[PDB]
Amino acid sequence: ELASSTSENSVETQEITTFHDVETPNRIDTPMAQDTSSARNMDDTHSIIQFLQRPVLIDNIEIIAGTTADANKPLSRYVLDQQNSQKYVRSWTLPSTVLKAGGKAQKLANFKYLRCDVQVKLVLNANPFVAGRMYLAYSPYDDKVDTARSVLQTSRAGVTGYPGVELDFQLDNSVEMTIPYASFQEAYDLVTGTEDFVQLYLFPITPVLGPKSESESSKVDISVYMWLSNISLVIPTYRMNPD
Amino acid sequence: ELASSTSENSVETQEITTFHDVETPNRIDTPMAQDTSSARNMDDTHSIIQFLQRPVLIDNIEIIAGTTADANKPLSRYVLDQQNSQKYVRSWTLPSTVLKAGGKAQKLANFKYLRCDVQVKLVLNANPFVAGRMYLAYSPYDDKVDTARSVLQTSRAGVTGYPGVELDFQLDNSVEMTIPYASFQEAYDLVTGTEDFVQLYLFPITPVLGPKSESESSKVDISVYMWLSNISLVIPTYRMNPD
Amino acid sequence: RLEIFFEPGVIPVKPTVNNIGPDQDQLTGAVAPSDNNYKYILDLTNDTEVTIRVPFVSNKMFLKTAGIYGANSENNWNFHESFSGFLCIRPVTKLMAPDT
Amino acid sequence: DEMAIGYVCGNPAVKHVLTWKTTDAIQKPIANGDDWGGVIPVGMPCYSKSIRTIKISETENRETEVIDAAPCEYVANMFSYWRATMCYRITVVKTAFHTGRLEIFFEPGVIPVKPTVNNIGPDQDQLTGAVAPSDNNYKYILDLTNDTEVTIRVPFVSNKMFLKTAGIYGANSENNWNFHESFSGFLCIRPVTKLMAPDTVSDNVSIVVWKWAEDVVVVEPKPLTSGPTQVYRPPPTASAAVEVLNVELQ
Amino acid sequence: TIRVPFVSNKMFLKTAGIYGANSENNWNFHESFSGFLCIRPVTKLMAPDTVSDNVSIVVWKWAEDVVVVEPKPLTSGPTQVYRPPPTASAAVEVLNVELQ
Amino acid sequence: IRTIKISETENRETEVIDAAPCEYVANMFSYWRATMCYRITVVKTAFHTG
Amino acid sequence: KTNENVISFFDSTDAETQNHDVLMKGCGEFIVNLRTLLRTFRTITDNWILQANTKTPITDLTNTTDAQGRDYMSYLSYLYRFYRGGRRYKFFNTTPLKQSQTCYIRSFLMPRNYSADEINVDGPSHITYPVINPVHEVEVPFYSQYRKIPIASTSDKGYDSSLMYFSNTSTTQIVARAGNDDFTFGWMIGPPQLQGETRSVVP
Amino acid sequence: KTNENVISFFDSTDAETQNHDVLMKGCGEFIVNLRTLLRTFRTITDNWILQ
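Protein chains in written order, with the authors' numbering: chain A, 16 to 258; chain B, 16 to 258; chain C, 152 to 251; chain D, 52 to 301; chain E, 202 to 301; chain F, 102 to 151; chain G, 6 to 208; chain H, 6 to 56.
In short, the hints are calculated from the structure, not lab data.
Careful, some of the hints might be misleading.
[As the list claims (entries may be wrong)] Below, a list of computed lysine-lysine pairs in the DSBU-like style, where the Cα atoms sit at most 30 Å apart: (1) A:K159 - A:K102; (2) C:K245 - G:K6; (3) A:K88 - D:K79; (4) D:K245 - A:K234; (5) A:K88 - D:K245; (6) C:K211 - B:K122.
One chain only, chain A, in its complex shape:
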């Protein structure tokens, strides 16, 4: 309850290095509430920078038994020319892809380097009469190397050779996957750096087979969630990449 104030004097030099920065003056004259109390409610979780590892709908694909567009296009057994590339249902350019959703980018603002593995999970949901198969898989620098070395420029036997996971509409409701940090660059430039790394894919092993009439249609749909693990954010900066 007294001495509701402070006064002069102090010591020589000072640090009080609160995180970054220091400052050096003659110690300091400062009040604080005489032994302050919580006085409020902080017992409902706390969370941390682990924010980036929160699963987020990073796109939603809708497969339709109606074989029309190249969305049903099944993996080609051969690839004689580039005009007949391999057709995928959807592709994502990680890691920038996951860094734009869930508002994770605005989170790691003012940071320079980052290192982690992209975690993915495809949650399927087709009905009992829809049969079909799909092979997930990922490639490193697929869009950063000689075209011939692309997963899109190879036979079905080659595409199926890439690190991936199978998916059957009538067996597994969801499949996950991990993309180890595949950065030859220690870290990753959050500001500058094109952050460009490899595109991830999702090829249809077989054509979505559905019952033949028209007027009813048979759908499958999917939900793609992504998050990061083994995260590493270290050097701050005033710059951030708005690309």
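Assemble chains B, C, D, E, F, G and H onto chain A, guided by the hints.
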């Protein structure tokens, strides 16, 4: 080096509650690099949500011996009418003030409640011939109560009674201060909630006394840094306050 | 695969001259991303039920019991200060069902 | 170790994606395009191949063999002879509403084929339940209602210490000997019971088959092909010409 | 004395520096530092008329825990020490990279 | 940059780098790695404040 | 639905035992690791024509043979994404020498993907005289700014080491390469398509 | 007047340890003494004409 892929089957039900959310399918079919390695450089600090406690220049005041504007106006011994309120060198409406600088707002994005104490520090830097004094101090809901109960509507003896700290241009190079969470509302609405709380002040105990000629002038200047402590961020949300 | 996420704070509504309803327009996956919101995804093929328990959280010791009583365009303040949040049930994957 | 032969060859890869219609008859290896299938060469080297024919003039065309080799078949191309246990995981993509019983039997020796002026295909006519009884042949009958997959491991058996790795390379009417001396047998997939499927679902079922080897042992550090190892590079246009490497020295 | 540990999301950094750096060639310059120290006054300099209105700021440079890699300059030209000519008009010797 | 005259139709530019002892050594190799140290001194009098 | 099993035909017998028995009667050696092929030298070009006094970075030749897939280094590179370690080269002179000349071979360092005109001719160097030593063997240490390097990425230049060639007279030799005892690939991927015989025909 | 101090940014870590780790992945050798360069031969002239 083999089994560069996965296949069918799994278990009944599932959780894999990564932070928030759950999902429930039949276990999961998923690859991972056979026992993955760091392969990169993460030994240069790590930092955490402690980001908010990083000191940030939250304004810079420049005191000039030239007694002209109400910046030199010394604390009035009396306050007979509201037209002759008390004049301060500068005032800040915390905590929103500190939440807009250093890009801390964009940091705690998608969060609902917050609780903490505002930490302040005034670093002075006047020359050897500049004499003067100043009393920092803070008030709770000063701009949220009957005017008569305002620190600006009271005598010099009353203003000096408020919780604060002194500052002499020739003794202390810097003074700090702590603003205990003064929230009657458990927490604080980051989205909605006007977040409006009390204004902080800085009154000049005495007029900045400097040597009398013209053409040279005598300055003081100051640097106001602020950060938070005893932080508490808990319930996420898709909403954020752009006010 | 139905999704159920909780969102603390005010509830997007469209007050009426004599009532109060939800503003579905302000709760779509685009304007209302539930990526950071506590949720659960019930898959109809695996589970058929789920009991969600929501502890008390309202940056307030207690909440008013006014509810929707006498709530309308001019009087809708007691309504907000009496819930603390809302549970949203949005389908993650479109419902599948044969003509059979 | 990402370069140990054993693991490289252990990398699974799909070779066929046959279509089994409720129409198809039993005791008849699923015929169908794709390439082979009902008759898998069961050799380590590659067997399937497509011919890319381009125009050079109205008086000639340029044929270039394109082989879609799997990870194990890709390695077997660096050596002359091989030896290992071939493993194949047959998957029948379908629904719990489809019912059937597919048969998979192995037959050692030459493979009934019909050589082409520039390729080699199976002689399905010579592999029917009548002319090709699989009563004494090692087999397995996968029932679609109970199981959905089955991994068949075929140990090395060829009355020969090692087998050639020529495969289908440059195989045609006049040159089809190296093809035979490079497999040792073939797996046949003939439906035991006609595929059943209500009109509420699809009258078809995709059959995915993976390939890889184990207990592998290669011999001479040189390809057995008549030409230097060369990776086919898909040209910009279906008309652009490809580079052909020779065996001439200066 | 401020010590700045090595941090460049790269095992090593180029030693090109400012050598032959200009509008068209400034890439090797960036890939050879990893950062920069900025010296900005927090509080305006105070100084009575009895002294000088200026203050010299001397900055020293040196490294510790050093580790170099390839025994060859990264420059496009052979290592050469500049030798101040007799007159400001005299020409200097330029070494090439041609071999006989 | 030391620019000299060769004729009224051209000049000769030669780069002059004032490298320090550490910068002088770093010029013999291709890549480097180390902890850079810098001692900032403010020559002044006890009358200057900043 | 689900399940899945496994079956092995015939009567087993250590497939390893049998194999080892066969290699003891029809081979003599047992190749197990593919990295060993990154140690064995193989020709990439049976003739590499070059002019006199011309600093030619092997990359001009490398970029071509790396995509062909003729040697092991190139063929095996199509199964991985990264590489790491030094490389070794051997140049077997096939150029006719004139007594009126004194042909010598010089190879220097340089950064990867650098133009001979933007680098110096100093640093480590090797030299041989085809008149007494037709083979010019040399190794390029792994001087990189990264622990690993993916094949052909971005505009990452001068990140590691390259090899520069030189000769006082116009030369022509057979080049063979192989990685050092530290070279290796990483991050296995899917294999591309192989090529077969080409002969052309009428219809 | 006088005083003087010292400060190291970031979180330390044996700069030596890190270095050695890097030279084990991007070098293979560790140059420490410059006198060693007085042992290695280097060309001073690519052609020295004499009668």
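Hint-by-hint comparison with the structure:
no.	hint	result
1	A:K159 - A:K102	holds (19 Å)
2	C:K245 - G:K6	holds (24 Å)
3	A:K88 - D:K79	holds (28 Å)
4	D:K245 - A:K234	holds (28 Å)
5	A:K88 - D:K245	holds (28 Å)
6	C:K211 - B:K122	holds (24 Å)
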